[PDB]
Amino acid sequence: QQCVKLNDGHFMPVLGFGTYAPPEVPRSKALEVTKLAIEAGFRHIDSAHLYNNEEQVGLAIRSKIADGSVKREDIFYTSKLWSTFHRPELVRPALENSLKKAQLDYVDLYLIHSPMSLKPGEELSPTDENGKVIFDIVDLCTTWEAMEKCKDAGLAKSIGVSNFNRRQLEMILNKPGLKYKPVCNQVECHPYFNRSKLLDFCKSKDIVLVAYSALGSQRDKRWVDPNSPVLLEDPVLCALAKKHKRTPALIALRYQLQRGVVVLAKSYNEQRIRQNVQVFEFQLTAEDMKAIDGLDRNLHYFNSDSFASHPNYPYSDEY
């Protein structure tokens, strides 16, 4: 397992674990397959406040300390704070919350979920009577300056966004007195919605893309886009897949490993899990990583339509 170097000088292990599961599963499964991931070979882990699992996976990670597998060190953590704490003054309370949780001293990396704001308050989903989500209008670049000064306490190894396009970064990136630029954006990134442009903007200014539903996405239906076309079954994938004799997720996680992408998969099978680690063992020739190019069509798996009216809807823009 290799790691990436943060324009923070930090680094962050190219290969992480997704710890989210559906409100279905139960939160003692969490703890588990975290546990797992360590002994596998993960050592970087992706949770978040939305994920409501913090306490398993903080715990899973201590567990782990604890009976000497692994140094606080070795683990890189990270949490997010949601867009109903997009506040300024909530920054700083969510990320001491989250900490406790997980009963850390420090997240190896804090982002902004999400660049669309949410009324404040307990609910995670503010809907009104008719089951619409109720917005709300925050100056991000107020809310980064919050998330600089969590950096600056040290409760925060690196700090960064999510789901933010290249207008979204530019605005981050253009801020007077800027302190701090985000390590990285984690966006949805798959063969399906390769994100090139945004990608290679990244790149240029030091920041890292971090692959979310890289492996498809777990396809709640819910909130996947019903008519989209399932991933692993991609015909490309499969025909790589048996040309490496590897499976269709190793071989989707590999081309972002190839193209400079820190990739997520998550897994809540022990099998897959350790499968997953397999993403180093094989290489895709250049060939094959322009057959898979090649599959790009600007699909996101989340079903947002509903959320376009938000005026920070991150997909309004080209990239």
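Just so we're on the same page, rigid core means the largest C-alpha set that superposes within 1.5 Å between forms. Residue numbers count along the first chain shown, from 1. What changes on going to the form deposited in another entry:
- Just one of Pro176, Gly154, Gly131, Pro235 moves its Cα by 2 Å or more between these two forms on a rigid core overlay, and this residue is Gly131.
- Relative to the superposed rigid core, the position of the CA of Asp74 differs between these two forms by less than 2 Å.
- With the core held fixed, the Cα of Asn298 is displaced between these two forms by less than 2 Å.
- For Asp220, a C-alpha deviation below 2 angstroms is recorded between these two forms after rigid-core alignment.
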Contents of the next structure:
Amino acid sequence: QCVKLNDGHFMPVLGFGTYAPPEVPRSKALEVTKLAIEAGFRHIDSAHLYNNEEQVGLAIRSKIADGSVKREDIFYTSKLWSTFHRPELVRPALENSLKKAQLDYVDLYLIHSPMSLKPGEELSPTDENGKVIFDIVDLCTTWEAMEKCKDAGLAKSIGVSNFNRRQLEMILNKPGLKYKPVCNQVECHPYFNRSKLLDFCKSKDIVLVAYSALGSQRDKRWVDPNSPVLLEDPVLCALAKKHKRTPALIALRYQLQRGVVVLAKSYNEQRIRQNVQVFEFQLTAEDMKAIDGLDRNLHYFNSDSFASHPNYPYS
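Structure of the form deposited in another entry (previous: the form deposited in one PDB entry):
What comes next is one chain alone, with no partners or other molecules.
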């Protein structure tokens, strides 16, 4: 149950989300990534930002060792963090990811974000007044360094995340482009369905990958607590009753039937195993139109530090 990418590799259409807030002990990511594999997730999504690549890497290593899977059965994504956009920092960033995970290669490596930040050992570099220090980088050059990581076999596929159409076009129109981004991983759910972006992405044979597909984790520090709760949506709850499923499964299935590859995070065994049931049922053309009408341009993520960034994608 894969999609063929534009470089000929295959990505599983259902992916496991590994991010958990810092208050959750790091042992949890190891433990739940094993459960995710046990349930049948094969695509696993992490990043340098998440401070869990060692644990996720270990879960994978463990499931290979006990004979459940082979390395080739797992699709593992990491991401280049915005402090490492300068071309000379790209390969070392990857190699560090790979060393932490104890993998020889990632299946996919992404530019996490078009919003470049000051290089250093901060994830969040801030100045004397506590303001985030942006950097200015020509992402066409970051991308060239991404291309070299593919050629070096360190990343089987390369793509982007949190890019808008104009940012995508910059890469696509780049002179002497060797590799198109296979995908653009973006916030995508019935309250922000990204239909226009999706259609553009389809027209360039770029896969849209949905994150916060279940309405985000509603982390107080980035998400307005007054924002509507996606899984409480009446239309989604009603379709959950119709189909004898859950509103999560409605949200995930939605994405699969519109040709979006969809991530789902859960650190609960029960919901991890529930989420693979997305494959067991089908929404009707009308159910899909019902969900289409829920769009409200609601992005769960906010930092008005990041709205001022010249590369802020929602411009």
